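So the chains spell out like this:
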Amino acid sequence: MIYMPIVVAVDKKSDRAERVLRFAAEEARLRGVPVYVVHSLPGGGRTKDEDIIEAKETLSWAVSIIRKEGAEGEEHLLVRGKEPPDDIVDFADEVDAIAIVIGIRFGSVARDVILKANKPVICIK
Amino acid sequence: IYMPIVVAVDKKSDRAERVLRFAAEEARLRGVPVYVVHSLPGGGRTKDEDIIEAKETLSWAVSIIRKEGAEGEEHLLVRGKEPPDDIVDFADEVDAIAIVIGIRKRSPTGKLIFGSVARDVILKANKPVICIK
Ligand SMILES: Nc1ncnc2c1ncn2[C@H]1C[C@H](O)[C@@H](COP(=O)(O)O)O1
Numbered sequence: 001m002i003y004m005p006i007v008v009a010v011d012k013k014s015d016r017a018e019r020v021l022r023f024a025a026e027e028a029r030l031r032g033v034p035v036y037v038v039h040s041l042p043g044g045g046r047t048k049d050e051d052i053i054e055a056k057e058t059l060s061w062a063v064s065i066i067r068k069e070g071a072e073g074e075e076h077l078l079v080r081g082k083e084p085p086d087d088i089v090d091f092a093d094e095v096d097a098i099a100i101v102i103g104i105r115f116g117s118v119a120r121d122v123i124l125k126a127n128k129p130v131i132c133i134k
Numbered sequence: 002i003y004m005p006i007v008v009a010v011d012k013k014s015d016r017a018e019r020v021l022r023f024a025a026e027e028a029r030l031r032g033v034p035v036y037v038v039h040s041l042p043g044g045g046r047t048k049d050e051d052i053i054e055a056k057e058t059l060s061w062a063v064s065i066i067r068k069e070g071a072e073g074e075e076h077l078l079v080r081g082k083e084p085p086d087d088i089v090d091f092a093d094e095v096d097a098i099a100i101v102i103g104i105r106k107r108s109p110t111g112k113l114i115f116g117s118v119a120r121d122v123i124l125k126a127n128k129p130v131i132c133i134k
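Residue numbers (the deposited numbering), protein chains in the order written: chain A, 1 to 105, 115 to 134; chain B, 2 to 134.
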């Protein structure tokens with residue numbers, strides 16, 4: 001009932017995101033836990049409704065990948081007055097993640122997640 | 002053929018142990034071995050002292066891996082190469098599922114800082130890199 005999920009941070013649909021998702025799904029599957037797929041937006045006046053729609057499509061796509069890979073997945077759109085890396089890091093701590101999976105190209118978001126996470130961070134090319 | 006977990010270690014510490022423990026669990030879960038690697042420049046830069054210390058760390062590290070219910074292998078790399086490149090090339094050579102590495106390193110004042118070898122490994126690796134604090 002109480003598991004430690006794999007947290008995967010997704011920005012957009014891409015081949016890199018798929019690779020990140022498939023690695024995450026294999027971890028989750030091996031450990032018997034779900035994957036939590038996260039996308040962060042600033043909210044407040046900074047977030048349009050158009051932004052929420054695209055994020056939701058990306059997340060819906062991401063979770064379909066996880067599931068197709070034989071893992072349980074859940075979508076979490078974070079709209080919290082935060083920037084992505086703090087959101088990802090705070091989220092991972094809030095759900096007691098086993099690890100955070102992110103794509104790298115570092116990239117600004119990735120470097121702050123690497124440096125600030127209190128969890129293992131798994132970097133996928 | 003298996004794809005091993007590769008884990009890089011420098012010195013014996015409670016931190017290196019956290020890295021080994023995570024690497025060992027990855028390996029357990031996947032039914033693969035852990036390859037413990039340590040890199041040394043060789044030639045004029047490496048003293049016998051460094052070899053002996055390297056070998057003692059590797060042995061200690063394999064033991065931690067084994068204690069955690071995984072198989073370990075010691076791989077001391079002495080190739081005239083800089084450590085990030087050694088680690089990255091080795092992981093490609095062995096077709097690792099992932100590299101596990103400690104991203105913090107002690108500065109000369111005793112304070113842990115973001116390691117530059119670890120940083121370079123994360124940036125250069127072709128394999129997934131699992132970053133442990
Ligand atoms: N806004 C937002 N929400 C969720 N996940 C994100 C966001 N921006 C980037 N990312 C993820 C996408 C990659 O997996 C990783 C690298 O971002 P990089 O910018 O290349 O460092 O961070």
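Because the hints were derived from the structure by calculation, they are not lab data.
Just so it is clear, CB atoms sit at the ideal spot from N, CA and C, and this is done for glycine as well.
There may be inaccurate statements among the hints.
[To be verified] To be clear about the criterion: a stretch of chain B counts as covered by chain A if any three or more of its residues have a C-beta under 8 Å from a C-beta of chain A, and this derived list gives those stretches:
| hint | segment |
| --- | --- |
| 1 | 50-57 |
| 2 | 80-92 |
[As the list claims (entries may be wrong)] Here are the simulated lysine to any residue pairs, SDA-like style, with alpha carbons at most 25 Å apart:
| hint | chain 1 | residue 1 | chain 2 | residue 2 |
| --- | --- | --- | --- | --- |
| 3 | B | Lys112 | A | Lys13 |
| 4 | A | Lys82 | A | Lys68 |
| 5 | A | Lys13 | B | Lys134 |
| 6 | B | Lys134 | B | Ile2 |
| 7 | B | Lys125 | A | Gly116 |
| 8 | B | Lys125 | A | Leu77 |
| 9 | A | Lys125 | B | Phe115 |
| 10 | B | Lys112 | B | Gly32 |
[To be verified] If you only want the chain B side, here are some residues facing chain A, beta carbon under 10 Å, derived:
| hint | residue |
| --- | --- |
| 11 | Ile2 |
| 12 | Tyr3 |
| 13 | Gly44 |
| 14 | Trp61 |
| 15 | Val63 |
| 16 | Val95 |
| 17 | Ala99 |
| 18 | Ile104 |
| 19 | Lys106 |
| 20 | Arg107 |
| 21 | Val118 |
| 22 | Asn127 |
Okay, the hints, checked on the actual structure:
1. 50-57: With 0 residues close enough to chain A, the hint is violated.
2. 80-92: violated (count 0)
3. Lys112/B / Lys13/A: At roughly 40 Å apart (the allowed maximum being 25 Å), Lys13/A and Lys112/B break the hint.
4. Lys82/A / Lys68/A: violated (31 Å)
5. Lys13/A / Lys134/B: violated (29 Å)
6. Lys134/B / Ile2/B: violated (31 Å)
7. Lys125/B / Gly116/A: Given that 25 Å is the threshold and the Cα spacing comes to 14 Å, the pair holds.
8. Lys125/B / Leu77/A: violated (31 Å)
9. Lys125/A / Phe115/B: holds (11 Å)
10. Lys112/B / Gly32/B: violated (36 Å)
11. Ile2: violated (18 Å)
12. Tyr3: violated (15 Å)
13. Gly44: At about 32 Å, which exceeds the 10 Å cut-off, the nearest Cβ of chain A leaves the hint on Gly44/B violated.
14. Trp61: The hint is violated - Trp61/B has no Cβ within 10 Å of chain A, the shortest such distance being about 22 Å.
15. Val63: This hint is violated: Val63/B lies away from chain A, its Cβ roughly 21 Å from the closest one there, beyond 10 Å.
16. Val95: violated (17 Å)
17. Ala99: With a closest approach of 7 Å, the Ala99/B hint holds.
18. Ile104: holds (7 Å)
19. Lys106: At about 13 Å, which exceeds the 10 Å cut-off, the nearest Cβ of chain A leaves the hint on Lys106/B violated.
20. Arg107: violated (17 Å)
21. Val118: violated (14 Å)
22. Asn127: holds (7 Å)
Hint check: violations occur at hints 1, 2, 3, 4, 5, 6, 8, 10, 11, 12, 13, 14, 15, 16, 19, 20, 21; the rest are consistent with the structure.
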